[PDB]
Amino acid sequence: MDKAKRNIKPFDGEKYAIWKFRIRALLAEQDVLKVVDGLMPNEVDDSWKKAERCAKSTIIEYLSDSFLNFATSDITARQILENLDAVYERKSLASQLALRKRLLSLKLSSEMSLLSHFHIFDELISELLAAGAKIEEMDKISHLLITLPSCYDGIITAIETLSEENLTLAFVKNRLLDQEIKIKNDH
Amino acid sequence: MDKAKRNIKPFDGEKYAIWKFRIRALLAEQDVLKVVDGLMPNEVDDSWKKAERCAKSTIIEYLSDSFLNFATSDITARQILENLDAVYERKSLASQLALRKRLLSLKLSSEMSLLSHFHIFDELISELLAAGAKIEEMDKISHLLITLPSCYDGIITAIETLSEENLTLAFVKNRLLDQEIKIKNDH
Amino acid sequence: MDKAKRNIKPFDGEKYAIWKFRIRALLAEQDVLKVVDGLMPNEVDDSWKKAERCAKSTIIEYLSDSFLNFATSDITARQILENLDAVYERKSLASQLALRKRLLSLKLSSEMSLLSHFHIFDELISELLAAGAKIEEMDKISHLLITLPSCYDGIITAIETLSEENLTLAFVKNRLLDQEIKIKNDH
Amino acid sequence: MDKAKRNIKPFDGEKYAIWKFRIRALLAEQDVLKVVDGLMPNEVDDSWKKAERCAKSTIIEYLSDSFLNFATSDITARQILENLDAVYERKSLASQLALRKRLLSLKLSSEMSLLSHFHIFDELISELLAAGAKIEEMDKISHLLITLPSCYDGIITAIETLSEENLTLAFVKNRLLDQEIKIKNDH
Amino acid sequence: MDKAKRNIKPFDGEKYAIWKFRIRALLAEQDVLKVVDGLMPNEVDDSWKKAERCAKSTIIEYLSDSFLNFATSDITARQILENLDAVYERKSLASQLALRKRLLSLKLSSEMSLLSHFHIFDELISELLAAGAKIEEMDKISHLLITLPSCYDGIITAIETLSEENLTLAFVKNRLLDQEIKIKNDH
Amino acid sequence: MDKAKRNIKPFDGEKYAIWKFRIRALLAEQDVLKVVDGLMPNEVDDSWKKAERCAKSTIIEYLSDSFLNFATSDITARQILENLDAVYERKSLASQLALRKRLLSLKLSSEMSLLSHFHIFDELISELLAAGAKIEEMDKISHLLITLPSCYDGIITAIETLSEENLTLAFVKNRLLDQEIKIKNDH
Amino acid sequence: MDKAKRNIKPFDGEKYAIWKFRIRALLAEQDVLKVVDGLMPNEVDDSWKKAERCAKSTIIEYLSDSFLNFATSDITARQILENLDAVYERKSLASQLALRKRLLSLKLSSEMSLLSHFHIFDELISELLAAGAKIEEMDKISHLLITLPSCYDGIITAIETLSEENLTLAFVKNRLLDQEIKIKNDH
Amino acid sequence: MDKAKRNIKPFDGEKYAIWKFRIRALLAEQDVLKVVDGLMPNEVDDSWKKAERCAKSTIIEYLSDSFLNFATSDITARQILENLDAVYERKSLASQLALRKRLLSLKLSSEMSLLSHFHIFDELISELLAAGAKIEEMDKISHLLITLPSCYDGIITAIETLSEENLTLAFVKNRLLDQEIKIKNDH
Amino acid sequence: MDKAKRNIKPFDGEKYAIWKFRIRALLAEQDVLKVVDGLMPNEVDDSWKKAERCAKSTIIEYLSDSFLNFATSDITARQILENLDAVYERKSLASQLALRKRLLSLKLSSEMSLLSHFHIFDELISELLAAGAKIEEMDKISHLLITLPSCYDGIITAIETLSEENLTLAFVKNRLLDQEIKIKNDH
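Line by line, the protein sequences are chains A, F, G, a, X, d, V, Q and L. 187 is the number that the entry's author numbering gives the last residue of the first sequence; the numbers go up by one with no jumps. 187 is the number that the entry's author numbering gives the last residue of the second sequence; the numbers go up by one with no jumps. 187 is the number that the entry's author numbering gives the last residue of the third sequence; the numbers go up by one with no jumps. 187 is the number that the entry's author numbering gives the last residue of the fourth sequence; the numbers go up by one with no jumps. 187 is the number that the entry's author numbering gives the last residue of the fifth sequence; the numbers go up by one with no jumps. 187 is the number that the entry's author numbering gives the last residue of the sixth sequence; the numbers go up by one with no jumps. 187 is the number that the entry's author numbering gives the last residue of the seventh sequence; the numbers go up by one with no jumps. 187 is the number that the entry's author numbering gives the last residue of the eighth sequence; the numbers go up by one with no jumps. 187 is the number that the entry's author numbering gives the last residue of the ninth sequence; the numbers go up by one with no jumps.
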């Protein structure tokens with residue numbers, strides 16, 4: 001059976017925890033997830049052996065060569081996950097406040113290169129996926145909006161109305177295009 | 001059958017309906033309002049007479065010198081209310097039309113704070129009601145909208161793109177707070 | 001069961017959350033809050049009717065003309081709650097926008113007493129979450145933390161790593177007070 | 001009965017009838033108005049003793065210093081009131097004639113607000129009722145009409161051709177107020 | 001009996017009451033006053049025919065030429081008199097209001113004998129009684145008394161000190177004659 | 001008797017003693033005066049009523065119009081004359097006193113006819129009697145005498161201890177005219 | 001026993017008559033006066049004890065510190081009354097002399113409100129009685145009249161005819177208010 | 001017990017005996033003074049605890065924060081008061097000497113009103129009693145006499161011979177104030 | 001029973017230790033302190049639930065806006081109070097370090113009356129013990145020796161003679177007040 005290649009890259013970097021959590025789902029349909037989760041049975045069937053082989057192979061496909069050194073030749077998938085967890089794991093503290101302190105540093109930029117500001121919020125989403133997970137686009141759009149110039153101050157808050165009912169952040173970006181449109185049009 | 005101190009300043013002629021329904025609610029709190037509410041009761045007795053006499057006493061608590069002159073003991077409580085109506089609340093067509101003329105004329109450029117204009121609209125509407133006009137949410141909305149300049153007119157654009165059923169004059173003041181909050185901050 | 005003065009004032013809709021909270025505390029002390037929240041009996045007895053009329057009267061005492069003229073004669077205090085909740089507590093993102101702007105408004109330099117900014121922020125965020133904000137407590141402190149000078153850098157640059165489960169509202173706020181008291185003393 | 005200060009100005013001999021009427025209304029709130037108005041049994045049941053002395057002190061609260069000695073500690077509050085009635089309610093041609101010219105000499109200019117005119121007219125009616133005589137209705141009408149200023153002249157000219165059922169004084173007041181509105185519009 | 005010059009002024013709208021009074025008296029000397037004041041029986045006897053026709057003829061002789069229209073050769077003297085009654089005695093508010101306007105307008109100028117002033121005053125007073133407006137004894141007293149200048153100050157003050165039942169119109173006039181004497185004397 | 005004009009005038013408030021004297025004289029020669037000579041008896045018959053009404057009519061003929069205010073419709077000619085008397089005759093201490101001041105002030109100058117001087121004395125007498133003075137024959141005489149210049153002293157000497165028996169005021173006028181004639185020669 | 005918020009000033013040595021008398025009236029309404037004044041036997045029961053304590057407290061809070069020495073540990077309410085009456089009142093003859101001198105030197109300067117002078121006079125009189133004088137109504141009247149200025153003096157000359165039995169001080173004061181109003185007219 | 005406003009202050013030491021005496025008087029009216037000054041019943045009375053706590057609260061409202069820390073929650077409020085009294089009001093020989101020497105210095109330069117320095121002398125008397133040198137009538141009299149100003153010392157020359165039994169210090173103050181009135185009368 | 005005015009501030013942390021002391025005393029007055037100081041009772045009957053509710057509502061009466069929002073109705077008023085206590089009453093090492101620094105820097109000053117000095121010392125100590133420093137009578141006295149100026153050397157040595165049987169801040173303060181008064185006198 002071919003392993004359907006995913007744009008989830010072979011882990012080498014941030015949150016093996018989330019990456020491996022999504023790998024657990026990838027393991028679950030072959031259910032080699034069950035064998036790595038499962039007690040090493042008194043009866044290791046050929047199915048269990050094949051599942052362990054497959055799991056290690058999946059890990060390899062999903063791990064960078066530097067991490068493949070931890071994989072080594074035949075160390076069980078479970079043992080390698082444990083080693084990686086032990087070395088890697090800082091459990092709780094860093095995750096939200098890394099995003100937060102980055103937002104403190106990465107905010108309040110209303111005028112210079114609004115397209116770089118597109119990239120700014122893109123980095124913010126990246127940081128949310130990476131470390132910050134508490135609240136979603138309503139708060140994001142709120143501070144992004146506050147980040148920016150006067151036109152929203154007039155329109156958004158009342159006049160734009162419950163456009164949040166649609167939550168068309170796409171049209172919000174298009175409103176930034178409209179800012180650009182007006183800027184060129186006035187001259 | 002207890003009474004407490006009053007935010008109501010002893011009545012003087014203006015906010016007559018406001019003060020009057022405030023007093024109505026007070027009298028209903030003592031249950032005594034029923035005497036004015038009902039037609040000639042079947043239970044015309046010292047207790048219903050006590051209820052209306054207490055009502056008269058309560059009215060006299062607010063009546064100032066001219067009002068206390070209306071408060072001749074012979075006149076029934078309901079009759080006194082009717083007298084005060086005929087002075088203040090009297091439904092003159094001329095009053096309604098004159099107030100309509102004045103509201104057309106009355107406008108805000110910049111010289112009245114948002115709350116200043118809010119109360120201006122409030123008094124205008126209140127008087128037009130007291131003059132005996134019959135008025136609806138859309139009327140209040142449109143007139144208040146019409147009073148304003150272009151910055152605020154972005155709110156009118158909000159109404160054209162917003163369901164009028166959700167619009168209420170309280171909510172309109174709310175939306176108008178939001179609109180002038182743009183001017184404050186946007187400056 | 002007391003009618004003495006309160007900081008409660010003929011309300012304007014401004015500070016509605018705490019205003020209403022003090023109102024509710026009062027109404028429970030008036031004992032009418034029980035009926036105002038409690039199941040309305042299918043037969044609204046004079047006990048319940050008294051308690052409603054009393055509540056409405058107290059609300060009248062504590063409300064301005066605007067809400068009371070918005071308050072129809074027959075609407076129960078419940079409807080008054082609902083009206084004010086719709087006006088204030090529709091929780092459109094616009095509230096969050098305004099609150100984040102007011103949060104941004106003061107950067108707490110080394111001048112102001114830190115307790116001033118503590119209570120300012122505390123109020124601000126309390127109302128922000130009263131506006132339905134799904135914000136984590138450390139994510140609140142984070143906005144205050146934006147406000148601090150370089151003197152703080154020595155602690156803050158670590159403490160941004162030392163975060164929600166490690167340090168919570170009290171723990172961080174105390175650590176911040178430790179830094180600022182030391183800043184003052186050192187100065 | 002706690003007597004938190006009511007709508008009663010103190011007393012120093014001025015506008016006795018009406019001020020005492022405020023007192024009477026208070027005594028009905030005290031329920032003790034029965035002691036003066038109702039028969040006072042010299043039995044004076046204990047509730048009556050307390051009521052009588054309570055009334056006496058209540059009056060005294062509003063009484064000025066001279067009025068304490070006018071109200072000697074022996075005479076019943078009813079007797080005190082009756083004494084002050086003889087003292088103040090000595091309705092006299094001195095008062096009647098002085099007031100009658102003082103009032104007839106006062107004129108409604110076309111400037112002074114017709115609201116103020118109503119208060120003037122009602123005051124003077126009640127003054128002439130109080131001073132030792134009553135007033136005939138058509139004479140009230142006549143005096144009112146005499147007060148009026150020149151801008152009315154055409155309207156008065158029309159009015160003088162209308163009989164009393166055509167000129168029911170309430171409608172006269174109202175149509176003249178509508179004429180005031182017209183005049184204001186013209187200005 | 002003769003048509004000896006019965007020198008009434010032929011009436012023209014002037015002194016209608018007085019004119020009609022002289023006429024009534026005149027006809028009574030002819031005994032023909034019965035033709036009108038006696039609502040005639042079915043007895044148009046030759047005496048009554050003469051009485052009526054002669055009365056009519058004499059009324060014409062003491063009516064203005066303009067007035068002969070209301071006195072066409074057909075109707076009986078009563079009808080003519082009711083015509084003029086409706087002209088004057090319709091309770092003309094114009095007459096009443098004009099009468100009081102002038103009454104109130106002119107103080108006693110010291111250029112006229114107080115007796116002449118008295119006659120003038122009483123005459124327009126009697127005209128205002130005839131004009132449809134009641135006049136009270138106290139009204140008459142007030143008007144007369146304050147229509148005078150200050151030199152009266154001695155009786156003016158004495159009036160207040162003095163009692164009501166003494167100061168009748170006749171007694172007031174007597175005291176006014178005392179003061180007239182005293183004024184002429186003072187010069 | 002016929003109303004052929006006697007030596008009487010439409011009354012003017014003046015010579016009222018003489019006017020009334022001649023009126024009474026006419027009424028008595030008409031026999032009609034019996035109605036004011038007698039107070040209203042049980043004998044109010046048709047003759048009495050008609051005589052009274054005719055007296056009033058005749059008074060009206062001899063009254064000028066203002067005095068018709070005394071005539072006043074209904075009141076008897078007896079009452080009308082009583083009111084007239086009170087106004088002109090107007091008996092009071094000050095009245096005779098002021099008239100006495102004038103009288104002693106009086107002096108004769110020859111260019112004033114002695115009959116001119118008679119009439120000034122006689123009008124003073126009319127006033128003084130009408131004012132209520134009980135003027136003796138001797139008073140009339142001596143106060144007339146005081147005025148006369150030295151030439152009169154010859155006849156005046158005929159009074160000092162010489163007989164008053166002849167000296168009735170008619171005879172005193174005879175003496176006065178006698179000395180006047182002597183002095184007419186003398187001039 | 002409702003301790004109403006009596007306007008009674010916290011007294012400290014000025015107009016003790018007024019203060020004490022108001023307090024006495026309060027003791028009468030408090031009903032304590034019966035026990036406070038009655039006697040001091042061993043029948044000073046729990047109600048008697050609490051009544052004298054209540055009165056004592058009332059006195060203390062309505063008095064100043066000056067009394068707390070006079071409060072002589074535990075003198076009951078009555079003993080406090082006598083002590084303070086002796087402290088201020090003591091039938092002081094020197095006070096009578098000073099009060100006479102003040103009153104005699106005193107003159108109503110017309111700008112001093114008629115009320116101002118009236119209470120000044122009433123204060124002098126009340127003090128002079130407390131100083132132990134045998135004052136009478138005639139004294140009060142005479143001094144009051146004497147104390148006024150020239151226009152009032154002329155109207156006093158009118159008032160002089162009003163013999164003592166005609167007059168009572170309250171009535172006279174009222175006539176003097178009427179006279180002041182007359183002066184408003186007169187000027 | 002009633003909670004009516006007492007003229008008693010949050011206390012830090014100012015007029016210690018007097019403030020404490022006001023407190024004591026209130027507590028006696030609260031009935032709680034009985035335990036505060038009196039017995040320590042062995043039985044565990046609920047009313048005793050309620051009274052104590054209530055009194056403590058009252059005194060706390062009446063105390064400054066220093067006295068509150070002295071007011072240890074777990075001990076009787078009374079004990080705290082007596083302890084504070086001892087600290088403040090112990091028998092200091094030094095205080096007595098200072099009070100005597102200030103009394104010598106307090107030879108009054110009588111710019112101050114005389115009664116006021118009597119009050120101040122009473123304060124010093126109270127202080128010297130509290131300082132431990134409780135004084136005797138003769139001594140108080142001597143000291144008071146010595147303190148007075150020049151013409152007052154002139155009367156003291158007479159006063160020296162006065163009979164010692166009649167010379168009660170209360171009578172002395174009476175006599176001195178009477179002489180002050182006499183001194184201003186003599187001026 | 002209902003709460004009177006307590007001058008206890010609508011609070012925000014200023015003088016929190018003693019403010020909370022006053023609060024706690026008021027809770028004890030209501031019997032509700034048992035539930036606050038003790039656990040929320042193991043079975044919170046209506047009495048205890050109402051007791052804690054009353055504590056909360058009174059804390060609301062005495063709190064200010066952010067302090068009210070901290071006072072959310074969910075968690076017991078005692079818990080909230082403790083939360084705010086730890087916030088301001090930060091019982092952690094640096095607080096006592098800073099306080100010690102402040103104490104050791106502080107000295108008595110001449111204008112700082114020894115009572116005021118004691119007040120300042122005592123508030124410092126109250127803060128220190130409230131900060132949680134285990135510091136007792138010997139330390140209080142030792143700190144007082146440290147603050148005292150050169151004019152206190154001899155008394156300080158006398159206090160060094162005063163050992164643990166003598167150790168009592170009251171007696172110590174008493175002797176220091178003796179020093180102070182003798183200092184005042186001497187200087």
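For the record, the hints were derived by calculation from the structure and aren't laboratory data. Warning: the hint list may mix true and false statements.
[What the hints assert, rightly or not] Chain V is nowhere near these chain Q residues, computed Cβ spacing over 10 Å in every case: (1) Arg22; (2) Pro41; (3) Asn42; (4) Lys101; (5) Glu160; (6) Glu164; (7) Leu167; (8) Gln179.
[Claimed, not checked] Below, in silico cross-link-like pairs of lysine-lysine (DSS-like), each with a Cα-Cα straight-line distance of 27 Å or less: (9) Q/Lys134 to V/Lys15; (10) V/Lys15 to X/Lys101; (11) X/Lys49 to d/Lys3.
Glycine included, every Cβ here is placed at the ideal spot set by N, Cα and C.
Quick rundown of the hints versus the structure:
1. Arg22: Non-interface label on Q/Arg22 violated, nearest chain V Cβ at 6 Å vs cutoff 10 Å.
2. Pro41: 17 Å, holds
3. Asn42: About 23 Å separates Q/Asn42 from the closest Cβ of chain V, which puts it past 10 Å; holds.
4. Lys101: Holds, since 22 Å exceeds 10 Å.
5. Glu160: 21 Å, holds
6. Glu164: 20 Å, holds
7. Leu167: The assertion about Q/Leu167 holds, with a minimum of 16 Å to chain V.
8. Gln179: Non-interface label on Q/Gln179 violated, nearest chain V Cβ at 8 Å vs cutoff 10 Å.
9. Q/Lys134 to V/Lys15: 33 Å, violated
10. V/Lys15 to X/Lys101: 54 Å, violated
11. X/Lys49 to d/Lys3: Roughly 25 Å between the alpha carbons, so the hint for X/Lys49 and d/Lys3 holds.
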